[PDB]
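J.: In case you want the letters, here they are:
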Amino acid sequence: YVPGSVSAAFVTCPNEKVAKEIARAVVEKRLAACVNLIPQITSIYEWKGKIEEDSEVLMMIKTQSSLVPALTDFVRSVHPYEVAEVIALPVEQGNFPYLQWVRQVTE
Amino acid sequence: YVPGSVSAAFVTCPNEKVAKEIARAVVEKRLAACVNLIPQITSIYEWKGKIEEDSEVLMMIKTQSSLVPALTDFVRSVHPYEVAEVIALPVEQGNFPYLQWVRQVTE
Amino acid sequence: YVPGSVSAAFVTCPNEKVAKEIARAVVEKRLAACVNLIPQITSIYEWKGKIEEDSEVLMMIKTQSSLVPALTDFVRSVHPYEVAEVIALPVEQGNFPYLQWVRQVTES
Amino acid sequence: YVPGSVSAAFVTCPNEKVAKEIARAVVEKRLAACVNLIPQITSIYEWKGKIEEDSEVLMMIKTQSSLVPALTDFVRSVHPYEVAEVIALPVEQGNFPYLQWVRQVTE
Amino acid sequence: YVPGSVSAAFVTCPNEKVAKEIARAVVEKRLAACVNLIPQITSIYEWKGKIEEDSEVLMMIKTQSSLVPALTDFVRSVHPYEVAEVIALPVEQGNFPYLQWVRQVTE
Amino acid sequence: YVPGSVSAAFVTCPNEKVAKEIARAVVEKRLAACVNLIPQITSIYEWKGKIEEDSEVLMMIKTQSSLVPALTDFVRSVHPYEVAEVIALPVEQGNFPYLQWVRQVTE
Ligand code: NA
Ligand code: NA
Ligand code: NA
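Chains as they are written, first to last, in full-length UniProt numbering: chain P, 63 to 169; chain R, 63 to 169; chain Y, 63 to 170; chain E, 63 to 169; chain H, 63 to 169; chain B, 63 to 169.
Just so you know, these hints were derived from the structure itself, not from any lab.
Built from N, CA and C at the ideal position, the CB exists for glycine as well.
Errors might be hidden in some of the hints.
Claimed, not checked - Computed Cβ-Cβ distance ranges for the label pairs, DEER-style:
id, chain 1, residue 1, chain 2, residue 2, range
1, P, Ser139, H, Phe158, 37 to 43 Å
2, H, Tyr143, P, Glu144, 56 to 62 Å
3, R, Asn77, Y, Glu90, 24 to 30 Å
4, E, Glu108, B, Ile113, 34 to 40 Å
5, E, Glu114, H, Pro159, 43 to 49 Å
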């Protein structure tokens, strides 16, 4: 296993419906090995002077690091927001079989 | 985009009220671009020889990596706990406009 | 603090019961300083032709990076799934006292 | 000190004269704090399936990681080779004063 | 470019002849894009209780990070020393064309 | 092998005499497994707004990453310059036996 060659990408969505549709798509298109959805999220950010709170859903998408650009482009079309949160974190170590599986199902 | 110049910091809180107070403060103080709150967390650790379980709330704070020390100091200063969990994970890749936005709103 | 010498490892479980059992074990065995359990997770993956959805629980395990191989072996052994998700993400910066604590409670 | 916010960039040159010109330029332009020149290098690469050996000089350029794109653009512009070797390696730890100095003289 | 997907590997050799043989081989076998040889090295380490000084030559081998294990195997197998120094350092940023070239000639 | 748990630290010295003295000391004190000296270096930096060129020697010091702070403290203490260049680069991959050896001889 090459350190950081698999990544865990985080994507924020407005609701569960959208998150599922994106999640299903990225897997079906082989852009990700799998996705975890974390619901009941409260996002806190500053907008036009004031601080806003919204209900959101968070995706943890596990994929090859080489696919992150392609994953990001896809998430950009489908347009959850004008500017979509996509951040990829590199996996330094882990369960080799599983890490090999994430590669095998995205080649 | 410089790899790892934006970070995702994780902070554990005793409840939603405290997590929201801290979240609103770090954004208002420009120490973070935004905060995701993940509720209904069960924390499992050892204390006085026994293994404890607590209800907690988890913050995923997205900010510049250069601000993490300042972020930590602030959280230290206001957090209820004697020793606050603050761990920062570097963002290797992502949506450039979003990554640019995180920098823009924290300069 | 040496950058990346503490890691946050993520492990997916079928349910709360199993997640708690594994969480308690890794702490008791000093393989992790602490574990956060994130419930009500929906996992989306391909199940041999179909796209599947399951209810799962997610563990965020905080430990020394040197212990991740030992943590994985243990999880491997007692995990239901044939192939367990264990992914470790390195902590670049943080609260030094806390980072020191994670090391203190996992030394042997 | 933020890990990896200073980098050590390596640049290959055909000879000492060119390396010095580039080295002096990047420092005068504040794109680097300083440059170490390693002479008497033998470079070994293929080209049309045949293996070449050339005399080269290697630069180790120490600078902010945020300046690496700007550094690379400049080196592209003045380097005799069509495709210039510029590779940046991040500095995880070091002498803080010196790391602080590299930042101070490139701001 | 995926951060850290190209590496610069350093290998220590007893002399120029050996270093060149190994260098030519790894390039010919497509295990590396190119190799820089840094001569006139003095190595300082402890041997049988006393501190030794040897004349050595240092290789900086630029290749895909995915190839480092294969590179190491080859070197370990051919290298004079029982335990060969092979250390790989990841390239976080650089000249994209050149980084693309390193991949192209090693696929 | 834990990625980045061994580091290659670079230290600049005014001449070979000093470099050898420091190199011998860090090895004898178990702060490093071994040191490569790269001589005939030309350093280019700015000083009182004027660009200087000096003859220097470069050390590549291979050690545990956990020891880098202790290594730096020692170097700062024996090093002639007021502000010593010490930069540590993490080793992501390599020859495991050798990586194991660097740890063995510095425990
Ligand atoms: Na990597
Ligand atoms: Na030639
Ligand atoms: Na590390």
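J.: For each hint, tell me whether it holds in the structure or not.
T.: Now the hints, each set against the structure:
1. Our hint of 37 to 43 Å for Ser139 of chain P and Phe158 of chain H is violated, since their Cβ atoms are close to 24 Å apart.
2. As the Cβ distance of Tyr143 of chain H to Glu144 of chain P is approximately 58 Å, the hint placing it in 56 to 62 Å holds.
3. The hinted range of 24 to 30 Å is satisfied by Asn77 of chain R and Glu90 of chain Y, whose Cβ atoms lie roughly 26 Å apart.
4. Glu108 of chain E and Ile113 of chain B have their C-beta atoms about 37 Å apart, which keeps the hinted 34 to 40 Å range intact.
5. Evaluation of the 43 to 49 Å hint for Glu114 of chain E and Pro159 of chain H yields a failure: the beta carbon distance comes to about 19 Å.
Violated hints for the displayed structure, listed by number in ascending order: 1, 5.
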